[PDB]
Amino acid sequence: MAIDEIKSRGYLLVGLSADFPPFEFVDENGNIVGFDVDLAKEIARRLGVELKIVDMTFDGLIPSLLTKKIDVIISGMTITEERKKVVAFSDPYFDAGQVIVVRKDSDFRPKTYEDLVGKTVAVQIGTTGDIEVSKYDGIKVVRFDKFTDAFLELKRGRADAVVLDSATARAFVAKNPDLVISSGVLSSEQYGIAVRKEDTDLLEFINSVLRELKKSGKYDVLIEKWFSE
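Next step in my check: the chain by itself in the form deposited with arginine (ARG) bound, please.
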């Protein structure tokens, strides 16, 4: 069983892409930290095992999970019907939606995806933001592995906008006063922890930890920890 494999090796293998503050990011000490890293530590601790974070490209997470290189994905991942075809998700643990970020020193203030037609828009490959902008034939989409590359591209004027999730948009804009979020929230997404569909033992265990975190007040402590910059 899944729990048995974890306990046999002595550590939980968690996949994520650490370019997504405040969920998983590289801090001033060069350490991977964040809200999701803390969720990962709670799950591992409650299993009686150590934690191993496996950092990788975002679009590699699902295939890493299906190919059994990781036990679980905790990486700011939106629950979607398409992804539910191939993995299972925990109870939702956060709400977000896509927003559009542009340079402040420009007249351009897009409010919808249709406002991006005729523009060049940077996205992280494989995300819900990529999926949505990709629907609009007149958007010139530039896809990146890391949001740090997408913001560099935006800041230097090579792209007109970046489309990404609300909370991480706000985290990036807080550090970049040359940027602004021009749109409201364009989707209604929830984050989930992804596990293989056959690993219902692990899934149930993760749901129990989530429910306990909320009941105990520790979830609100974690929110305060990561959303009070």
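Positions refer to the first chain, counted from 1. C-alpha atoms forming the largest set that superposes within 1.5 Å between two forms make up the rigid core. First, how it differs from the form solved without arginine (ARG).
Core-based superposition between these two forms shows that, of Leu61, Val163, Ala194, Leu202, only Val163 has its Cα displaced by 2 Å or more.
Between-form comparison between these two forms treats the chain as two rigid units and finds the smaller unit turned 49° relative to the larger, from C-alpha superpositions.
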Given for the second form:
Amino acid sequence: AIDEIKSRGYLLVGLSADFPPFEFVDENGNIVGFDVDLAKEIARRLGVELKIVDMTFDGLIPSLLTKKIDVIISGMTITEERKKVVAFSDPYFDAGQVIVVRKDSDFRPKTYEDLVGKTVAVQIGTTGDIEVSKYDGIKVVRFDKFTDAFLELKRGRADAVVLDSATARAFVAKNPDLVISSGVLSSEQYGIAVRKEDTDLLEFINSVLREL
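Return the form solved without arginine (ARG) of this protein as a structure block, the form deposited with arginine (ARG) bound having already been given.
Here you get just the chain by itself.
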């Protein structure tokens, strides 16, 4: 709970660093991503250091229950099945994908099925990669970095990009040769898992989330 965190001087956050852009290992060997950014902000507001503990995703709830981590911030959906053994914060992310295409065309795919027979650039390991890859008829082209996927699109070398909605929106705002053609696809919400007895920590986290 909060007393334990402050008395040790650091927040222990468990995650599985194989899920860009939420948690992943960058080219220099650092664990980064949106979940890390959130973890850092929670630690900042507590006034303690952050320690990330990387493990297999199915090891996260076990680790939380043993107290080896204080919280899970790892692309984890809030499900009734997990709620049998842990508590969750309010949702902190509204995960989803959009399809981005060139503006100067009438091609406006609305679903992944509309990309069958097309060439689609994605960032490796992301939800967009995972989803589009499910369709054998989509020609998927994978890139280390989403900026390279967008370059491919802007050059006309791919027909579409699939990416996190907010990231795609931000990129498109700066690149008006592109448009978003879809609404939000592959939507789900993530929450922070906390031990059920650590009520003060849950309350604090929920307060942070409202203030973000």
